[PDB]
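Given next, in structure tokens, is a single chain: the form solved without the ligand.
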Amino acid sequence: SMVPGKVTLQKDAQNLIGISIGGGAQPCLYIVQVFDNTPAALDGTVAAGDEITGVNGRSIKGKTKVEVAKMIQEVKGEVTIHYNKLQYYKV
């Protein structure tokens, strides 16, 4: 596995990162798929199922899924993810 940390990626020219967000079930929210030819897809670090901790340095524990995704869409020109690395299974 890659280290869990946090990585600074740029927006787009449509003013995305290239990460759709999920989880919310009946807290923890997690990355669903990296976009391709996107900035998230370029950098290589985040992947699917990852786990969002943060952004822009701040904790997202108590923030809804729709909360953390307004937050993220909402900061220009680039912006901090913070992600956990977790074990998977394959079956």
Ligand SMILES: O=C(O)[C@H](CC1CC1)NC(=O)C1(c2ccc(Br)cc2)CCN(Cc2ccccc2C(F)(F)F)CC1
Contents of the next structure:
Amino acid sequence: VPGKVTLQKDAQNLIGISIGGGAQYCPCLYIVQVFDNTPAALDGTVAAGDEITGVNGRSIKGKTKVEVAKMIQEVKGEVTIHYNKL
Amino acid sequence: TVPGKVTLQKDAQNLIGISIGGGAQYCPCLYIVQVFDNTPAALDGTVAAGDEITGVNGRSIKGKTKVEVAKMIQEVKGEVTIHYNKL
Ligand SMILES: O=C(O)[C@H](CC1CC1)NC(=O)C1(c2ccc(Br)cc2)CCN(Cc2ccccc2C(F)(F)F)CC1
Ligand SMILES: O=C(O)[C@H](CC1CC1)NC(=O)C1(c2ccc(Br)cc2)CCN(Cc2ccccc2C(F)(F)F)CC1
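Switching from the form solved without the ligand: structure of the form deposited with the ligand bound?
Then the entire complex follows, led off by the chain already shown.
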């Protein structure tokens, strides 16, 4: 089930997630942790184990975790995360 | 990638306290998604959300679906060894 959610960045330019995946032999990218009291956590749409498929209308295919973390961090104010629900 | 393994004691409900992810047509890798509170896996402390699972009791999970991996884990009674790569 695909989905998208726009999250407002906190004062430290974070949404509040950890990610995993996007390595050799393991292409897919996932939300690993959603931290308490962050935008992601308080929105409630995303959760551990949902698959990250895009950021602000662009695919994360082929990208590494550092790469995707930068794709998110570059985007100020708010960011849309495109996902598949576990 | 830091490989390891851990033998966990099954609870009275034949559980270790984990849910898992991946194991899919185009995302072949399998992961631990959640470690539930007050379970063998949570009380042991070795494994955590995001660790990749590579095998169960000396056998690989390569190519299996998550329902198959859950069945593999459930069939072993008493204790089971989870081979993993650490996040
Ligand atoms: O929350 C973001 O907007 C981003 C998003 C990117 C996609 C991970 N998260 C991060 O920058 C971090 C990260 C993780 C993996 C990689 Br690979 C890279 C970067 C994860 C979150 N922390 C801080 C953290 C630390 C401990 C508890 C809570 C928090 C906090 F987030 F502040 F709530 C900084 C690094
Ligand atoms: O803990 C296990 O030993 C196994 C291991 C298998 C590989 C997931 N886990 C499971 O049986 C479940 C499962 C998940 C995904 C698939 Br795909 C299939 C099965 C997850 C754990 N629950 C019970 C659960 C539910 C809610 C709160 C707590 C708990 C409890 F486990 F008691 F902590 C039963 C189903």
